[PDB]
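Chemist: These are the residues of each chain, in order.
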Amino acid sequence: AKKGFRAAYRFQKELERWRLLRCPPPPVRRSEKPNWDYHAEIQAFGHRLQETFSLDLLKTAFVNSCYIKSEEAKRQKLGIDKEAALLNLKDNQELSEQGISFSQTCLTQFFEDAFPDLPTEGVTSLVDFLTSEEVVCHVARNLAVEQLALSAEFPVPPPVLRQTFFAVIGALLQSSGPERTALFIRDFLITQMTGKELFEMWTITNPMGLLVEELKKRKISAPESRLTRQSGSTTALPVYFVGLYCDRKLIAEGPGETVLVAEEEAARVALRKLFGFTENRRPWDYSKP
Amino acid sequence: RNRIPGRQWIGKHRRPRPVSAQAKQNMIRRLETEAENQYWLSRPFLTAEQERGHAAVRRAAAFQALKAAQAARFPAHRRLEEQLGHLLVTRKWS
Amino acid sequence: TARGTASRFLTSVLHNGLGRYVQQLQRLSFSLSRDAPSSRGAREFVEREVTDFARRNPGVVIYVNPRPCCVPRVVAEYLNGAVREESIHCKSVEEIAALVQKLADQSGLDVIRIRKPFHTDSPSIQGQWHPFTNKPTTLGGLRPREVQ
Amino acid sequence: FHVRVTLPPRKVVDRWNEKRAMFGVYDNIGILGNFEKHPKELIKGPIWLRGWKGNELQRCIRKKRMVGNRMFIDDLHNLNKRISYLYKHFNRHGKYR
Numbered sequence: 001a002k003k004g005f006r007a008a009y010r011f012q013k014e015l016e017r018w019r020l021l022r023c024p025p026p027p028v029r030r031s032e033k034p035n036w037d038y039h040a041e042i043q044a045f046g047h048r049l050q051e052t053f054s055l056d057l058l059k060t061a062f063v064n065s066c067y068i069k070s071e072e073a074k075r076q077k078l079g080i081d082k083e084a085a086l087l088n089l090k091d092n093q094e095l096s097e098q099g100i101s102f103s104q105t106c107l108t109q110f111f112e113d114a115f116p117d118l119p120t121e122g123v124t125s126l127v128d129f130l131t132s133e134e135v136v137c138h139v140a141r142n143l144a145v146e147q148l149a150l151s152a153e154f155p156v157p158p159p160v161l162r163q164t165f166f167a168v169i170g171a172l173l174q175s176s177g178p179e180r181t182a183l184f185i186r187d188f189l190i191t192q193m194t195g196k197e198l199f200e201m202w203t204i205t206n207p208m209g210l211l212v213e214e215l216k217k218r219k220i221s222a223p224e225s226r227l228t229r230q231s232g233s234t235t236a237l238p239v240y241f242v243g244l245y246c247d248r249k250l251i252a253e254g255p256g257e258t259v260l261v262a263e264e265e266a267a268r269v270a271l272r273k274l275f276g277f278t279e280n281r282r283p284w285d286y287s288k289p
Numbered sequence: 001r002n003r004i005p006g007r008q009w010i011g012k013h014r015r016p017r018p019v020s021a022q023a024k025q026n027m028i029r030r031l032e033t034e035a036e037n038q039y040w041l042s043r044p045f046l047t048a049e050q051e052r053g054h055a056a057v058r059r060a061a062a063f064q065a066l067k068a069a070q071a072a073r074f075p076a077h078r079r080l081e082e083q084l085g086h087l088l089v090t091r092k093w094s
Numbered sequence: 001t002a003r004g005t006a007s008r009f010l011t012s013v014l015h016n017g018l019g020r021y022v023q024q025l026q027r028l029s030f031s032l033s034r035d036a037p038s039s040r041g042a043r044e045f046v047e048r049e050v051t052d053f054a055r056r057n058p059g060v061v062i063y064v065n066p067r068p069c070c071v072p073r074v075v076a077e078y079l080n081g082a083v084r085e086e087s088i089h090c091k092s093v094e095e096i097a098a099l100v101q102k103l104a105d106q107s108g109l110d111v112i113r114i115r116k117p118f119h120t121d122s123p124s125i126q127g128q129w130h131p132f133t134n135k136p137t138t139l140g141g142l143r144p145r146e147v148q
Numbered sequence: 001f002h003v004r005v006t007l008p009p010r011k012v013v014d015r016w017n018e019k020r021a022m023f024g025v026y027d028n029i030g031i032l033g034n035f036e037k038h039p040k041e042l043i044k045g046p047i048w049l050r051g052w053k054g055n056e057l058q059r060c061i062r063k064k065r066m067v068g069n070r071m072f073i074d075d076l077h078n079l080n081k082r083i084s085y086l087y088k089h090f091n092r093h094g095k096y097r
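Chains as they are written, first to last, in the numbering used here: chain S, 1 to 289; chain V, 1 to 94; chain E, 1 to 148; chain P, 1 to 97.
In isolation and in its complexed conformation, chain S is listed as follows:
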């Protein structure tokens, strides 16, 4: 009856692995886990992005209305006296507003200066895409902004995480001049646009009409659809190439399964050249003046 402690004890680990596999654990705040120092985290956060924050402003930035409302719920239901020092908490509202306004201003200036030929609606949509719930949620998640945020409901729903993220931006705008925040935004946001196409984030469903409009605005007369190469018309798998001609010159050309889809594609290409978003365009500048 002299057993392996090594055996039973080692098997305990397996038993635990199986428990964790059949019932997945609900995600828990890193703040509730064994190793946490919130001040150290805050200081480190700024140190690793090479930014100078008054720690006061950054602490202000991660505070959410939800955390305060829950804190007040607990202060009321336990009979604990909190109110004054808890109202001194100063939520991230102001900072978040400063943040979004300056952020959209900043991006809009970037695209305006980079791609002169984009229409108002274009820079509008691009900015709208970099500031989109999804993208900001993603970037915020990977910078450990979700971990350092104080709010109720630990999965930290997207509309919260966004506020939280821009709060950091506004907080940078206070501590550092617009010149520094420029570099930060262009580093952790504009980069999300790498690899993605124009009409991927435009969603405009009328390529033809918009092409005609832009050509009218350019004093260019008559876009003309003409069929260049086609392989198989009788096959379940035909292939077409429509060129678009403005006064005998070929402005763009595209592939498709039908004549319609091909027309759409040539339209996309033309639009891309005119507006200036193309595979050949210079990669985005990075230099630090």
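You can trust all of the hints, since none of them are fake.
To give a feel for the contact side, a few chain S residues facing chain P, derived at Cβ under 10 Å:
no., residue
1, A1
2, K3
3, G4
4, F5
Listed next, the in silico DSS-like pairs over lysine-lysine satisfying Cα-Cα at most 25 Å (straight line):
no., chain 1, residue 1, chain 2, residue 2
5, P, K88, P, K64
6, S, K2, P, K11
7, S, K3, P, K11
Calculated from the structure, these hints are not laboratory results. Cβ atoms here follow ideal geometry from the backbone N, Cα and C, with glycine treated the same way.
Let chain S serve as the given structure and place chains V, E and P on it in line with the hints.
Modeler: Leaving out everything else, chains V, E and P in the frame of chain S:
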């Protein structure tokens, strides 16, 4: 419907296999290399007389090296630091 | 075996290294034992190295717990959300230092067979081959046998 | 290869009990004791094994010489067979002749 009695390449009846143009190329290339070889192998710098003992000085010393190399073999010095160094296992942090 | 595991394409987290390099290791937590022998190496690394390592890497937080524990471990945690476990158990100080320095500079992306050595976007600059690309055009786009 | 699902009770050994704490106490008896009683006398065991050693054959033949006539019929017989087997196995077999 055609067999090659016994084993393919061994016995008194074999598989007929023919020589090819490739093989001729290779053989001739290798010959040409050998011809050029013995041209350069033909003409010594020193004569046989002239080369006598021309390094007997170095070839003695090489062998002295080979000897010393073995002469040097003995069980290595054992030092205090290792035996007492072993005591470091129980080091206590208090 | 490569058919046994999963795979990933070459990747950076959050397009790291483009705008700036962001060191991906976030927290590093040691657990040693003041009394027990297996932690010997882990002890010295805490005395001599941890200071200079912390000075060198301002970004990573380093938690250090002496506790009544028999197998000294270091738990790396990543900006990625990835967690990696190590035993520093029964190792020299140069060996602990080396290991920690390996942890420091990894991405936290899983170590799994990477399919091809390079990740390209817009690989295709100036064009990408399609069967029609090199064929000559004819007059009026007539077929091989057609008459117009 | 099914292994235990329940942890055993942790065994508490006090190494400070009388036996472990007194262990090896009189060992130097001859030297520190102006030699009179030699350390062999400290040996508590089977009556033919005290302060003596040997491989299996020597053990068996020794036991048979000393305590032999006090043995039970069966263990005596098994002792004879064992002595025989070991005898011809040591003498007549091996790799190293």
